[PDB]
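A.B. asks: The chain contents come next:
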Amino acid sequence: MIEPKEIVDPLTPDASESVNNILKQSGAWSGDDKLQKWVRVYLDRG
Amino acid sequence: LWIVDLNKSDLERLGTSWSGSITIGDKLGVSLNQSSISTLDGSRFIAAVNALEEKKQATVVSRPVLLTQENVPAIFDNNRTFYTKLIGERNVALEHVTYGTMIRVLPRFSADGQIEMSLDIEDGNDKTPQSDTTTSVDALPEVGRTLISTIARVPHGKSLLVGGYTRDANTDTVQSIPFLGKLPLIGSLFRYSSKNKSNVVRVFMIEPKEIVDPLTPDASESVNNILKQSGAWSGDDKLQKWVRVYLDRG
Amino acid sequence: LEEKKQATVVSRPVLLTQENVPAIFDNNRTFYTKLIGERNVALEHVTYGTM
Amino acid sequence: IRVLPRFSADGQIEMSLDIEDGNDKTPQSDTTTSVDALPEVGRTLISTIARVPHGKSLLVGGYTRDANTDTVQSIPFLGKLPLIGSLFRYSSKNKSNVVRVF
Amino acid sequence: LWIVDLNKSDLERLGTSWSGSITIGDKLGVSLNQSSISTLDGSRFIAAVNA
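Protein chains in written order, with PDB author numbering: chain A, 512 to 557; chain B, 308 to 557; chain C, 359 to 409; chain D, 410 to 511; chain E, 308 to 358.
Keep in mind that a hint or two might mislead.
What the hints assert, rightly or not - Computed Cβ-Cβ distance ranges for the label pairs, DEER-style:
1. D:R415 with B:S527: 22 to 28 Å
2. B:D348 with D:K502: 50 to 56 Å
3. E:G349 with B:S345: 24 to 30 Å
4. E:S350 with B:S541: 55 to 61 Å
5. A:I513 with B:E423: 25 to 31 Å
6. B:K362 with E:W309: 40 to 46 Å
7. A:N531 with B:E429: 23 to 29 Å
I should point out that these hints are in silico values taken from the structure, not numbers from a laboratory.
We put the beta carbon where it would ideally sit given N, CA and C, even for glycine.
Whole structure, please, built from the sequences with the hints as guidance.
C.D. replies: Set out below in structure tokens:
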């Protein structure tokens, strides 16, 4: 089968809230660590 | 960009399957299910039951980051090899999977503030027939190869999808004996049922952002918080400081 | 011997472009399944390609 | 690493980067701690011009990864009775999470 | 330039997995999990635990 659709809008909600609902529920969240947060924090908000 | 994978599968196997032969007085030989009498004369008929089931679930989320100027190309690619510990040190073996990634882009600015880019991306492992033992494939999940070739524009600081793949599947079979598999009392001792079900999504996202500022705090304070807490700091040594000090402050 | 077999599989790719520009998507996963036995060891596998 | 730098007017530096780092893919270190002794880092390659103000530090590219794995292998009938039903399980979790940035 | 790496992993493995076969009076043979009787007649069923 086939079906296209037109798209003009960004994703709602945002992608940074999608994966942070994945990683805190699949059991792989890695922001608690006080050894690795010193270099992820350069990398999440700019 | 955001790689993301979700895998989920369960499988069950239960039932018997019979074979073998009998004999009567060296005058007649009755065999069940292709058991040749030319290999067996008194070996009576046997059975085989299978019982095993499981539930598998695995996720993997990875992301590359890279910056350019506008109207200039750039390439990023990467491939690590992930090992896992097969059980045994003298009875020795290993198994390993390479995990490759590639991305090249060509961005520009618009008038109203949105970014337009030019994407070829790749991700996956190479097809390797390996990990022969049952949990050896279970240790490291597999993700297939993929390739996009797409220009796509997106408003400032927000996230748009660029392509994906989903898949759902079942399987059902009931293998049995024709006459004796329907009587109510022990008729379900002659079944052989094996369901199977897996369902997998995988999608590539993208989001750019504009950047004008240097990193806050500085990088020399980042690694000096790493090395004094991971336990590898090397400024205490009175034999090696005489040449690192030419090298930290100019 | 007799049996009854039934199987379904439903898959979908998604992708976007602009208008009047080409684009390619292709994919191939390999699906393993657990043959019964760990020391009596064997596997079997099928690649599933899409373009 | 190869580079090609120049000065700007206001004091910032603009450079031209191709960098590489890693080991070559070697199937080796067969014993269990032999891989554990020396860690592995994958190959990487950048091709980027990037400018940065004087004396401060800017990021040029990186890679992170998170993963799980869960499986519960058991016997269908006898794996649910309360008394010794958990003697027929086979559970094996797995979890790794790795960052790396230039 | 500054290379930096952080790696972290943990892994656990626990449980059993069974196999083997029995016999009754040289008249019938019941086997669990692909144990062929064509290699074994009196070798009773075994287990394997990993921890």
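A.B. asks: Against this structure, judge whether each hint is valid.
C.D. replies: Now the hints, each set against the structure:
Taking 22 to 28 Å as the suggested C-beta distance range, the pair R415 of chain D and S527 of chain B conforms, at roughly 24 Å. In this structure the supplied range 50 to 56 Å holds for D348 of chain B paired with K502 of chain D, their Cβ-Cβ distance being about 52 Å. Look at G349 of chain E against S345 of chain B: about 26 Å separates their beta carbons, and that is inside 24 to 30 Å. For the hinted restraint 55 to 61 Å between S350 of chain E and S541 of chain B, the CB-CB distance of approximately 60 Å keeps it satisfied.
The given range of 25 to 31 Å is respected by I513 of chain A and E423 of chain B, whose C-beta atoms sit roughly 27 Å from each other. The beta-carbon spacing between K362 of chain B and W309 of chain E, approximately 43 Å, falls within the hinted interval of 40 to 46 Å. At about 26 Å, the CB distance of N531 of chain A to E429 of chain B agrees with the hint of 23 to 29 Å.
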